[PDB]
Structures are given as structure tokens and as C-alpha cells.
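Asker: Listed below are the residues making up each chain.
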Amino acid sequence: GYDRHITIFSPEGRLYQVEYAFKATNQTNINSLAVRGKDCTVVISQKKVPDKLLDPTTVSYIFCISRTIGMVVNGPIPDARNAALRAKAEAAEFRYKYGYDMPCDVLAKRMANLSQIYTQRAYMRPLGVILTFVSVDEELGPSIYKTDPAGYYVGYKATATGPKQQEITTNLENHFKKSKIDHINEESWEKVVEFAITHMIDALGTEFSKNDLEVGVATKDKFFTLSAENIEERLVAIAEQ
Amino acid sequence: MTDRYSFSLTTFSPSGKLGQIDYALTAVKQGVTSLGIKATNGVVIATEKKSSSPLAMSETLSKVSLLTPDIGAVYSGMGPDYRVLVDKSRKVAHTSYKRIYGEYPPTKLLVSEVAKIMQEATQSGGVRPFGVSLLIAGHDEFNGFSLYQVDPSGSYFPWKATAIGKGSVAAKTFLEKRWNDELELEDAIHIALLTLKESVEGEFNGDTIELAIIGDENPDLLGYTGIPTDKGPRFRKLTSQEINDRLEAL
Amino acid sequence: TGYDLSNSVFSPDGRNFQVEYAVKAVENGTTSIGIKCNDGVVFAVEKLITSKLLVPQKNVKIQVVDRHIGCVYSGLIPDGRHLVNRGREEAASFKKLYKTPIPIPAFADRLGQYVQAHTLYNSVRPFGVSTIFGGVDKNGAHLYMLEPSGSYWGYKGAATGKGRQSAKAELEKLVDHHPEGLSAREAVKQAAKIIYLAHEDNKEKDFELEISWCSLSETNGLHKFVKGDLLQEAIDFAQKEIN
Amino acid sequence: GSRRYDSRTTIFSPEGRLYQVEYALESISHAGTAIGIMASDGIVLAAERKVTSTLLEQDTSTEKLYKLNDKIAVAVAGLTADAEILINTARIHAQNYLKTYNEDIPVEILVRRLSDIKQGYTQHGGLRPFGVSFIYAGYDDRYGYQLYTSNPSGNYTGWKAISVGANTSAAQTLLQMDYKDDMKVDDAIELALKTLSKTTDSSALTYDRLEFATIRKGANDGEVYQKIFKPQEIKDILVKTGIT
Amino acid sequence: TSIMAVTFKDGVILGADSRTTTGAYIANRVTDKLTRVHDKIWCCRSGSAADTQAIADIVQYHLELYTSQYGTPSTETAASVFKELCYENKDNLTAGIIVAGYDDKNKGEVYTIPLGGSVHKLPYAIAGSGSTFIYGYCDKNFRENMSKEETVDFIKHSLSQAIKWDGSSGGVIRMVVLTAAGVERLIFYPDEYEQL
Amino acid sequence: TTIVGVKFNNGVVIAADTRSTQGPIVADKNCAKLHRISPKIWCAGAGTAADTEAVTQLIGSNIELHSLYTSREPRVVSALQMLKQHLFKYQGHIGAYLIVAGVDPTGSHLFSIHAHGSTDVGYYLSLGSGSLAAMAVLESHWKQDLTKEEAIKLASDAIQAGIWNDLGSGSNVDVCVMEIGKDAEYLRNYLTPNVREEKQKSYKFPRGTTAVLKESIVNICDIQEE
Amino acid sequence: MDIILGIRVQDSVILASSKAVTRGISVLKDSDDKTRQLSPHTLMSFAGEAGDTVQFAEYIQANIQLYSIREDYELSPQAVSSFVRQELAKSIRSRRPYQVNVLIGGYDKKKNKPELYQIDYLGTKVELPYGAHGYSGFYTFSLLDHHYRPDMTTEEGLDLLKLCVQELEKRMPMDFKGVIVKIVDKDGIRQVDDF
Amino acid sequence: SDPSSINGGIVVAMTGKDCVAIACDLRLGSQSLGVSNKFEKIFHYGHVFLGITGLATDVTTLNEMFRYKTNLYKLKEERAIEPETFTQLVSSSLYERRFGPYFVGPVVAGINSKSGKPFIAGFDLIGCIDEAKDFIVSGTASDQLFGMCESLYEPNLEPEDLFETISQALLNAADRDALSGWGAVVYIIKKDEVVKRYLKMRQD
Amino acid sequence: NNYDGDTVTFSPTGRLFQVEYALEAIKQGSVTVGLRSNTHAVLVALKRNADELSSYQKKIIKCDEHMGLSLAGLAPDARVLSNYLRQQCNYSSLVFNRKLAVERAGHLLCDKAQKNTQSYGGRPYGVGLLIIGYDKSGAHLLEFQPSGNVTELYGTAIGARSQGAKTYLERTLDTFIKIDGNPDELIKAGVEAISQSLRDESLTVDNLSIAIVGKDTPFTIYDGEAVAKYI
Ligand SMILES: [Cl-]
Ligand SMILES: [Mg+2]
Ligand SMILES: [Mg+2]
Ligand SMILES: [Mg+2]
Ligand SMILES: [Mg+2]
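Chains as they are written, first to last, in the deposited numbering: chain G, 2 to 242; chain A, 1 to 250; chain F, 2 to 244; chain B, 1 to 244; chain N, 1 to 196; chain H, 1 to 226; chain J, 1 to 195; chain I, 1 to 204; chain E, 3 to 233.
Read the hints as simulated data drawn from the structure, not as lab findings. Worth double-checking, as some hints may not be accurate.
Claimed, not checked - With a Cα cut of at most 25 Å, we get these calculated BS3-like pairs of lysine-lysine:
| id | chain 1 | residue 1 | chain 2 | residue 2 |
| --- | --- | --- | --- | --- |
| 1 | J | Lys162 | B | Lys99 |
| 2 | N | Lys105 | F | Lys100 |
| 3 | J | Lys113 | J | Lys162 |
| 4 | G | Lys178 | G | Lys49 |
| 5 | I | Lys38 | J | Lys110 |
Same shape as in the complex, but just chain G:
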């Protein structure tokens, strides 16, 4: 039974190492969510600092890949940072060679191709991570593209990742079934972040303080993360209506 140790086919045409890499994805016990506005793309993720000895400012699963592209990761931090470093290198090289900023969907494809190689080549293991890339693309507008250990990727109107992804997914599905549009019809990114946090609270059934969340926002020509005090202002506005 060595067909379960390396990435070769089992008698059912399955790759067990790829399937087990998907299971490692939920080892951190963190849920993330991404949505699109008119002018922006917002990504939120749970933040858990279980040890008091930790410096909470260094605990993060959101990465600034390029000026325009942001990436949130679902999976262990070593594999997350591995993927982060590579994505940063790929984005920089792309700009140097082709003279324009690497699009979000193109980076997603590139990282997905790299993941595909690990499923075919035996000496390399899959990374136990799911990568959600966000930006406001200059051609396609607000964009969410998500990659997994199988080498699969696709665009999203909105998406969710983690142990409780299904609850969040169905919550988002129901909202877009009502509105009948592919985005959050809102002018400011502040209100789109408020939408994201509200619908995560509804889906998970839990309340959040300023230190329980982690937020990333993509606008035209920049991606940035919010501070604890920026999130607090967001939480106050939610509670006041």
C-alpha cells in the first residue's frame, strides 16, 4: 500500500496524498471569507491567539503579495509562508518580464500549476494549504480566485474557506439569491467590510471583538490590511444599527 504514501494513482483513480493535504488545510481551525463590492474586494479571517506569551501582532494568515494582490491562506503557517514567498517572487518576476502588474487570476493559475506538479511528481509533496487571492484587477475589476492542493482554481463572486465553510457558503448563497447580482452594491469599502463581518457573525453564530478578526481590503492600485482600531470602528458601526 505505497500508493497512499506518494502521489500515484490508487485502483479507484484517486490520489490519497492530495486528499490528505486537504485535511491538513483545516489544522489551524480558522475560517475565512471573501466578497466583492463595486470598487473593492474584501477578505476577512478569524484570528486566534491562544498563548499569552505570543506577540499577537506577528500572528497572521493574510499576506500582501504585491501592491495590488492580497492572499489569505487556510492551512499550517510553514506551508502558508512557503506559498507566500513564492507568489511574491512570481509576481515580481512577471512585472519585470512583461512590463505590467501580474493579474490576480494569472497568479492563481501559476500557483495552481505549481500545485499540479506536486500531485504528479513523486519527490515533491503537496502543500497543505488553500490560497485565496484578491485584487481589483484593471481589466476584470474586483476579483476572487482560490487555489487548492489538487491544483484546481476558479473565480468566485464570493467564497469561504475553513472547518465551517459550508455554513458561510450557504449564508452567502442565500443573500445573492435575493439581490440577483454578482456583488455587494455598496460605494465604500468600509460598508463592504461591515457586510462581510455581519454575515460571518450570522453564519457562525459567534460575536467578535477587535482582536478576534483579521481583515484585508483590495482597492484600485493597492491592497492593505486593517489595524485592530480600524476593525473596532467597523464593529461599533455594526452594533449601532
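Given chain G, work out where chains A, F, B, N, H, J, I and E with the ligands should sit, using these hints.
Answerer: Same frame as chain G, now just chains A, F, B, N, H, J, I and E with the ligands:
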């Protein structure tokens, strides 16, 4: 480090079976149904856009891909394996042909190059076979219209019409009754839609079906005028609306 | 089963058992700690005196990287040395290209990526050490702790080895009782105490205390070993607290 | 490390056999039968396509018979994809020889080269062997008309008449019975088709299940012509020989 | 070329002419020699146009990758990356580059990298063929901690003279101002600066 | 060789003469110097003629693959970046001097490139042996906010200056217009001001004028059946 | 080295090559054989730069002898000459090219015809009735153009060759110390020991 | 010293009504010394004809190279290569030796078997394609050939008239060049017959 | 058990069995002792013969004028490691005109041995070494294990029955450290130390091997009748 898997991971078993190739074919069998039909004045290839989530934008996932202006491809099996093969197939069409002869390769030879890549993943060190079967449709001046199937082993066969994946056995029987050598392209599209409806459970419309043709030259899709001999690509992907129009006359 | 025989193999849980076995070697090692103070960091380690024939103060365990970073580790000592050698190469190339000395967070990732790379293939074994390291850069003091998996985070206080539970509890008290912060000289005294308290898990043999520090005010942001009178003062403070 | 997963494709059994070669030969025994017959005035190559379909485009299809150059052709039995790798190598070798010596490559030299490549995969590299057996039909001015076969071991031998693939034991007995040295091409055509007709696992032998080729000096004066038979031409020769 | 960078109270300003020559033919009279390698780190180029464009593109790539990992680089760091390329490839390059940038901690800084690949940190720097004619003028007229308006006049008058005497220099005078307030581009036409 | 590029209101136009030379001899009287990198990115080349086509096709090939990979229409800055880095690597030994123009989702663009890898940006550019004659016309008649009709007129006038005044240039004017939101129109032999006059005499010989030793049929057919 | 001549007659090929070897100031040897037997019915003479000539000739000899053993068959003169041309054509773009010119005289046993091939160091091959390298042709070709017939006997060929050598001994400034003459025909290769 | 004029020789090609013609001299020399009068410079791969002038070793090498490549082309494509496609193959093959080139001046001539259209093309040593409607010239007397062709040529000549025109163009050009002559060959090429004619000319 | 097939595999308790098996080879080897004062450092080694016709296997190797070691375990591995030390001592002298510090020599040996414990295909070294030397900080004694662990000591012993000599040195610690400026007495203490590890056999003239390095004493090895004085 270094890749220390320099040995074959696909080997003959006592019964003469190449296990990994057989298992790759099993993966293809689980895959979503795709088909191809050849007409007198064109070829059609079609498949179902099995969306993994309704939040996913299935237009951003292309199951039918342009390889050259006159050659297209569709698959059944593992999507990621297909995507990288399309990248390699597009590049090899240039490096091993267009940069030498100043023209795009004929269908049979591009198929031959894709097959070679798939064969090598069946013998080279430290790799598994590709878990896909391809259907490649195309046209060239001297061979006319053609349709080819390529398997994980690297073997390829020309077809008048065929199907691969989930419901291929039933689909091939359906095609045998309907196919003749006097079909026009519109007739072949009609038969393709009829055949594909049998293997689809849920929604059946332009948004859940991906369909492309190899037909007449499209000067409107060339992007420039002024060179008489350049008349445009024969590959054309049908729009969501164009599919729905033909579903009313179904 | 058989998932634990080879490195980089995912178990049906999604776990790398070889990395988890490397942690066992870390847990078997001597206690080492790190304390983040107001303008710097302090490192301390327990050295077991296996015999009278060991020359006192000679078998130095704490290692310097560049001139501003200290590194201490628990587990397989040779593995730690190999990791520090790589760290010194990383810090050298950074300074070569960018002129400025490597920032601590930048340095943390360099070690992290290198340790993580030893979980990607079956041709290599994971590191049998957890490394506590840090120093002072342009943005202030930083303390990190890096595991066999390649996982690292920033810390207010950090501990590893056989007496890590005891040490962690002591560190948590300091964080609670000093929200405004701890001075460098206080941190040296406290580090001595915590190692002496953590020595209860290794009470069979007696030990030798070794301390180092980087502080903006006390050492000009350079890594230095605590020696002579300042070391004896910390030993006296530690001995007074256990009695 | 990696040793754990190595099949060791290039080792002897306790009996002194090469496991992988033996198992590759087992694979080839399930492939469609290919027959070669050598006459005084030419060579015949006949081969059976494996259980086909009515929707297979036959006139543009090739799975058995391949052209190596104008004078040499091969019949394939085994993995088609593996064969095409070797066939392209052989085509290049023939052209290398023609460029070097300005003379067409002698048939045996081409056969030896391909056979040596097969041998290498059994002795070094740790890769699986090619699951292919060839029948080589060719002509040169030294030995005239020649038939050879090679198998995954890299061993090759010459023949007056030979079969590879399925039912070779039965086919070889039938050829050994009716073959004579003074035989002509038109007689050899009939023998090849009659042999396939009796050994086939199909219910009946039809044009759509066959590939056929002749190498004749039936080319206008001292020169050699290769003829890969078309579907309609295979249908005619089946009626002529009285099989359909 | 005529290029210069000058530090002042609020930061630093880069200046340049716009003439590119193959021999006596002016191949481009409206060239932009002030080049951006980071938001507030720019450079001035002199020597082979191919070489300095290749170098600046590589530096921009290096600093973009630096920023993604370690945050905003210092001007000293940018100068070091320029130096590494110019020093290690001295046999095959003909490039004279002035690096200028604005930090909030370090404020305005100027580094000059001559042919050899050496680095020199200076209060102001001049380079290019036309700089030879204004060593005297610039040394006499430069003061530390000038205002924005004074620095613009110093550069305008300086490059005006360099253009007047050097046939290789000419066209418009381009300038780029680097302060806490942001990045401002300035342009001055012949009818303006010739009558100075 | 004379090649020019001129920006206008809603796009860009490039033009070229049609003479290619071997020293003082005219090798081809109707040469095609306007090359296609992609449907809406065209470039004109001067210098070593093999180098300008080779480098145009290589980058054009890689641009096509890049366009398929990214699912986006190619950009002129991508063609520019790939061309300059290729040419810099070969230190000027690939003697390609190019004017690159086109339209893409970003807008309309016009750049020149030189064999060593320098690039420049402009509203009007000229390259080749007739570049000084062409640039004289461009510096005399160029203005901001040219129309399409004005830009074609200016470009062809600049090439004519090269044709008549530069011995390296001659014959016809080729033009290619790339307008935003439209197909690029390639106007081969847009002007034909150099048709040869009828000769004074016919030089058709009587049949049997040439002395012949041997005649034979050449077998171009393959080896025959039967 | 210096003069190498070749002539193809009715039923044989005759190669003549000088005997002198000169090291600048002195003639070190006057009996040198500038030829190698490649196969029983194929002979190759050579001339060019010192060292390279013999090194090349022996290398070719070894290769043709290897082919003969492997196939148990003698290559045709045409096939041998093509192999030699390719080696020289490969050599001319090498780091340090072989500076060697050769004549290949062979009797084709299949066609029953003598054949003479002239190949220079660049890899320039021509089949000829008579040939030479260096300045040898300048003195001898006017005589060969006049007297040569395709139906000449071997004895007539040797007589025409004597007239060529006499003209060389009269008008050439260098003393090449006579020639060694060898005949290639259906019976193989033999040396004319009195010339 | 100049590799392109050591051996000498010329090639010319012309188009006519439903036909093409290609012709060459037969000389091979070592500078002043005439070595061979049977060195043909026109080769054919199927119905596509290739003339090659320049350094003779490269002429031989390239013929052997294009025979090699067109033979593999035919086996894989299952059809003979066409003039337009072959032209691109010559261009590609020459440019791959950009910084160590074959010293040659190739000329392609042929009729497309499907369209019936007459085709000719020329190259420099490094691959640049010159695809003229009227005529192509190459070799040590290319200047002379340009002069003859420019005055003698008219469009839409019948095969037997085209023969006279190209023959007179070659002969009179070769007689004004020291390194060309010693015989000549002319190919007249129609869609399914090719005639080859050796010309009688002065042998000095 | 299932985790001792190669050096690239940890056991479930975090052990490296191939390294532990390499450590076992040292315990089978013949006893060797090391000890030092403030002026000198001494090696004493019991050499082992194959039989009565055979020679006694050499145990001590010189690395430089100021440094050298004694071995216990696989002798060919000691040759590889001592050769590496010779080179490193030599690189230091040629490039930096500097005698290599004994502590730095230990660090180099540790790192060389470590690479063989973390990579596939290789194997750990099967030998233990006792390095003595005199540098700019006086006399030194090091103990090398093929796990990579190098330790600086006043005295030690490795090999079979080395525990007896190690206990003796632990008692005598305060006495032998004070033997300054008297080489003969320091060797006497080393010969008396190694005697606590002997059984059945005693120290003969071709059995005993002694080495010494000190303040004004280059690293020299004594064998044969040169050690009869100490028997
Ligand atoms: Cl990729
Ligand atoms: Mg894998
Ligand atoms: Mg001026
Ligand atoms: Mg003449
Ligand atoms: Mg003459």
C-alpha cells in the same frame, strides 16, 4: 534534496498490465462526459460545465480550449492535469513546428506531440501518468476536418464521432444511430446537444454547457485586415445565447 | 499504516508524523528560554554538568548571528549549529546586497523557509531542534521561536526543552505583572530565576547557567554574553528565590 | 528515502530471467496479430486492428503498419505510444546514415540499432522496458528482401515468415505448413490473409479490421515500391482471395 | 547628459536635461532621464542608455521584491543594489547614476555611483558630460537646508549653464521633487531658462 | 530604410518604404518591412533584415502564448520589455532597430527600440538610414491632436522624404493604422510613385536561339506501382 | 606535405605522392609514404599541416576498419568519401580544424568501376577523372587535359603520370624527392617499386 | 579569404505563365584554379527545387541537411513539402547559425501542387527571405544577373520562351565573371513535368 | 526497529538509530585516554593487535605541530576526519597565518559529522575522537562523537571499559590539573588512568601509545622502547 526518484513508477505486472495507466483510465471514467462529432463542413466538441459551487463563476473555468487558431481541445478526468497539458500543447505547437515551418501544425501532428508528452509520463522517472483523456478537433488545408482521442497511455485514434468519461458507453451508442457521412455542421451541433442531454442531471442551458466548433474561417475574429491570405480562425466557442437558440429547435 | 516511516508523507489525518517525532527530540533536550524586554531581548539556557571533568564556562551553547542576533536551541545540538550556520549565510547575503543588517522578522522567515524545506522531501530529515532567537533592529526588539515544522511566531516570552511547562508558567506571570514592560537588567535576573526553577525537571545532575542579551541602552543593540559580576549577581538573585 | 518505492526494473530472477521483459512479452501476447511473409519477388505485411468501432475513421487511421523510410517498413504489436517513440528514433537513424554515407541504410543495421536501444532499458536506468514487438520488412542491395523481429529484451532474429502478437503459436504452425521457398508475392498475400482468418478471435475477417502492406520490386524496373493498402483495396483483395 | 540631485530642508530634488545623442544627431530631444525605482526613490541616468535602462529595470524589480518581504527600503539600500550591479559588471557597463530618495527617518539623501561602481553619499551631486562646466558654479552657490523654491532655482540655473556649454545636453529641464507631501514633477522650457 | 511612427487622436500609425539593399545593389524592390507581433501590435524594422524578422517572430510567438496563458489581449509594453531584454542580452550583436506601435486595453502606444536595448517614448519617431530626412518632415508638420487622416498623410510624407532623398530607401510606401476599438488596417503599397516606364524594345528571343547539348525528363514523381 | 596526384583510367585508379618531408631548413626524410589503406580496395593519400595529416588519416583508417568488422562488408568508395567529407566539414568549424587535403582512390567491386574523389580541408568533394591538391594541379592539368582518355590502360596512365612528374621536377622550385606510386584495381592495392 | 567567393558560381530563378525556371553554372574552383565542370548547384526535394551558391562545402552540407529534413517531413506529414513551407524551413535553418553562418546564397523555386501558383524566393546567408514576383539571383555574378534579368524579363512568358530568357540571362552574366561558367543547366518546371537542359557555352 | 533502515528517519520517541548504532562501534573499540594540565595535554592509547604475528593498530594521528587526536572505532573514518582537520589547520595557516584554535577545530568536526545524519544515501561516521592541542589560550582537550556532539574537557576516556579510567580522572581532577611544567608526571597520571580499564592484559612495549603537546612541545607520538620508561 535532489529528485532521487529516477526510476519508473509505472511497471508491468505479472499479467502484463501497466497498473498506473489502468488506474489513470479509471480516473477518466469518473470524469464528466465530453464528446465530439465530425460533419462534412466542420467538427463540434462539447461538455458539461459541472460547477463545484454556485458562488463559483464557471465562465472563468474553461473546459474547451483553443490550442491553435484551427485546433481545439476538450477533456474528461482530472482538470488540473488538463490545464498543464493545454499549456504544454500550445507551446509545443510553436517550438516544434511554427518556429520552424512558419505555419501552425496539422491536427494529427499536434495530437502526436501531446501523445508523446503523455507517453513519457508513463515511462520517465518519478512521475505518474496524466489522469485525462483528450478529444482534439481541428482543420488543416491538406487533411481537412478531423477528430482525435488521446488516452493516458499516449495512444491516439481518429474518430467520426465519440464520447469519453462518465456516460460514454451510452453516448457512443446514441451517436452510432445518428451519425452519417452527409451531416452538415448544424446537424452535428443538434446531435451533440441531444447526446449531451442524456448524461446531464440538473440544469441544461447555455450557462451549464460548453460547446465549440471547428468550421468556416472567421475574418471578424482575426483582429486585422489587409492580408488576403489570412482569413481568420476556424475555431469558435459558441456563446451562452447561441446555445440557447438551438435548444428551442431541440 | 507506514505513514510515519517517511518524511513529507501526509497521514490520513493530514499530519506529518516525522515532524512530530522531531518534536520529541526537542522535548528531550535541556531547557532554554527567551525574554523580550523594553529595548531588547535576553536569552538563557540550562547546561547539564554530566561530569566534574567538564571545563566550566567553556562549552558555550548560545550563538551569535551577524552582530545583533542571538540564537539558542533545545534538542539535537548539531542540528542547531547547522541551522545557525545557514542563518549566518542568510544574514551575510542580505547585508551584502542591501547594506543594512538583516531585520529580525526578515531573518525569522529565512530560518523558517529553510526548516520548512526539510519537511517537503523524504530525502531529508526534519530539524530536531526548536530555536529561540531575536535581537534589535531599526523597528526595535523582536523575539521569535521556531519549531521543527518551520512554524514560528513572535513572542513576549518563549521557552522550550524538558522544563518548558514550568518556564512558560513563570513567563506568563511576568507578562501579567508587568504590562508597562521589563527592563533589560530585570530580564537578566528573571531569566536566571526561570532556568533555576525549570531545573526541577532535570534535578538529578547539577547544571551551569548561561545568559546573553541584546539591548539598545545596555549593549548598543549588539549581542553580548553576560559575564563576571553581572552573571554572579543574577545567580545570587536566582538562588535567593528558590530558597 | 526513495529506495522504498523502487520496483527495480532491471534485475534477474533466481532462474536468470528479466522480470519486466517477461511481463512485457505477456502484454504483447494480447495485442492484435501481425504477420510478415518473405517471397522471392517481395514481402507481405498483414496485421489485425483490435476490436474496432463503426465510428472509427479507418482511412486516416494507423495503429499497426508504419513507414521507416522508402525501403523499410514495420508492423507493430504492443503499446502503440511506446512504438511511436521508437519509430521516430529509427526514422532519424536512417536519415543520419543517409547523410553520413550517402547510401540508404542496410536493413539489419537499422534493426540492430533499435534492438540495442531496447536492450539498454533492460540493463540500466531503472526505467520500464518498451512493451513493443516489431516485424521489420525491408530491402537493400546486399541481402535483398529481409524479414526481422525484435522484442522488449532487445534480441532480434531473421525470418522467412513470422508472426507477433496474439495466437503466434497457432499462426506459426499454419505458416510452417504452407510456406515454400519458391513462393511469390501474390501467393504470400493469400497465405497471410488465410492465416489471420483462422487465428483471429473475431467472428469474421473484414476489411475494416485489417491493415495491409506489400514491398515489391513490382516497381517499374530495378527499384522498390512500398504500398500501404487503402480500405477499399483491402476489401478487393479479400474478395479476390475468396475470404469474403 | 546633464544631471544632478540636491538635498534641501524638506527633502530632495532631482534634475536633468532631455537630450539623447547618437554622435552629433539628437536621437531624442524630449527624453525622460529621471527614473522611478520606488515610490520615493528615483535615479538620474548618464552613460549608455541601454545599460542604465537595464540597470534601473533590475533595481526596480529588486526593490519591488524587497518591499513585498521587508517593507519600504531605505535610499541607502537602493544605492547598494545599484552599486552591486555597477561594480560586479564594471567591465561590461558604461553607467553613471545618481540615486536620490526621501525617508521620514532619514529625510532627503543623495548617493552618486560613478563608472567604477563606487558609492559616495553627498549633500548634492552632479554628473553627465555637462556637469564638468558647472563644478565651479555649484560649489560656490550650494547651501545646506535651502527652501524648495531656492533649490528649484539652484538646479534650474545650474543645468541652464551646463546646457549652454555642453552640446550633448539640451532640450527641456525636467525635475522631480521628493518630500513628505509626495512626488511632484516639474518641467522648464528653453524660452524660460535660456534668458536666465 | 526609412520607417516612421505617428500618434494621433484615437490611435497610432506606422509606415515604411519598400527597398532592401545589399551594399549599393537593390535586392528587393517591394520589400515588406511592417511586421506583425500580434493582431493590433505591429512594428517596423531597420538594420539587419534577418534580425528584425527573427526577433519580431520570436517575441510575437511568445506574446501569443502569453496571451493564451493570461486570457488577455497582448500589451505593447510586454512586447517592448521582451524585445529590449532579448536585445540587451546579445549586447547589440542582433542588429535590430525597431519602431513598435499598437493598441491594447490600456490605450495606444508608440515606442522605438535600439539594437543595444535602449527604448524611447514619443508622439513621433523615425528610424533607419532615411530617419534624418523623415524626422525633418515630422519636425516641420507635427502638431498635437492630429486626426487619423492627418497622421496617415504626415507619416507617408515622412517616408516619401526618405524615398526621394535617401539612397538607402526607395520604391513604395507601406502603412498600418491601429485605432482604438477597431481592427488594425494594414495598407500594403499605400503609395506607388515609382513604377518603371515601358522599355524602348522587347527582348523576347526567337525560339532555338540558345545552344543545347542534352535534354532529359526529370523524375519528380515518387516510385511507381506495378 | 607537398605534391599528391591522382588519375582514374579504364580499370584502375593511380595515386602518386611525394617522398620528401621538410622541417623548415632541412629535409629530414626522402622516403615518406603519404598514404593509408582504408579498405582492401580503397586508398587515401593526404597532404597538409604537419601532424594533423597522419592523425587524420589514421583516424579515418580506424573508423573504416571498424565498419568492415562490424558489418563484415567493405563500404563503397562513394560511401567512404562521403564519410571523410563529413568529418572534414565538421572539422572546419571546430576549435582547431584539421588542415588536411586528401585524394581517395577506390575500385567499386559492385559496379566494377574505378573511382577518384578529391576532398580539401573545408570538406569540398568532387569526383574526377584526374585530380590534385596544392600547386600540383597548376603544373599538371594542362598535360592531363590534353592526353587523358577514359579508355586508357594502366600502363598508359603511368606514362602520362611520368610526364606530369617530369614537368613538376622541371618547373617547381622545391625538391620533393620523387614520388611513390600506387595502383588500385579489382585485385586490390599494390605499389610500383620502380618509378 | 572571403568564403563566399572562393569556389565561385551562380544561380538564377524566374517565373512565367503557369511555370517556373531555375538555372545554374557548373564551375567549382579553388580561386583562380578551375577544379570541376560538373558541380551542379540545383537540387530537388519532391517538386520543390533549391539552388545554392557560395562556399561549396556548405552547399553540399545544406543539400544533405535539407534532404534529411524534407525526408522526415514527408514521413510525418504524409505529403511532399510545398515551396512556401520549404522557404520558411530554409530561413529557420540558416538563422539558427546566426553567429556562425553557412556562407551560402540559396534560391527556392517550385509550383504549389494545390493552388498551381508559381513560386520563387531568395535568401541571404543568415536567413532573410526575398520573395520576388519576377526573378531571384545569387552568386559571384549577381550584379551581372540583376542587369540581365532587369532588361530581359517580362511577365507571363510561356515555358519555351521563358527558357530562352533565363538561359541568355545566365550565359551572358557568367561570361562577365571569372569564377562562373564551365557549363550550365536550366530547369523548366510545370505542374507535372520538369525538363532539364544542359547549355553549350565557352569553356574559359 | 522499523525506523533504523537509514539515517533520515526519526523513531516515534525522537531517536536516530543509525547514529546510535554508529555510537556502538566506538564502544567495541580499544580504550584511549585524554587529560591535560595548564601547560601540557596528553593522549594515552591502548593499541589492539589481530593476533601474535600481527602489528598493533595505530591509534594516534598528528593533525598539525600544535594539534592531534586519538581514535576509537572505524579507523578509516578517523583517517577521513583527521585528513579534514589537517586541511582546515592548513587553510588557517596559509590564508590567515594563524594556528587553528582547538575550539574552532571541534566546531568544524561537529558540522561535518552532522551533514551525514540528515541526508539520504549517506551514513554516520563510526568513530570517536579525542583531540588535544595547545593554542593561544593554552592547553585543550576535546571529545568528538559521530552524532556531532563535541565537548571540551579536563580529561576523558572512550572505547571499551573506558568508564574505569573516566572515574579515576574524576577523582584525580584536582591533582593532575596542577601538574604544570612536568611532562613526565602528567603522562604517569595518564598511564595510571588507562590502567583502570585493563583486564587480563597489561601495558607492554608494543601495546602502549602516548602523545603529548604543550607550551614548548610540538605534538609528538611515542611508541616502542620510547614508552618503556612509563611501563
Ligand atoms: Cl505555469
Ligand atoms: Mg508528489
Ligand atoms: Mg546645447
Ligand atoms: Mg567566365
Ligand atoms: Mg578562364
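Asker: If a hint holds in the structure, say so; if it doesn't, say that too.
Answerer: Do the hints match the structure? See the list:
1. In summary, the hint linking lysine 162/J to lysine 99/B is not supported, as the alpha carbons are separated by about 38 Å, beyond the 25 Å threshold.
2. Between the alpha carbons of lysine 105/N and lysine 100/F the distance comes to roughly 17 Å, so the proposed pair stays at or under 25 Å and holds.
3. Taking the CA atoms of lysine 113/J and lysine 162/J, the gap is near 24 Å; set against the 25 Å cutoff, the hint holds.
4. For the hint linking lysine 178/G to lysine 49/G, the alpha-carbon distance of about 32 Å lies beyond 25 Å, and the restraint is violated.
5. Between the alpha carbons of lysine 38/I and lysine 110/J the distance comes to roughly 24 Å, so the proposed pair stays at or under 25 Å and holds.
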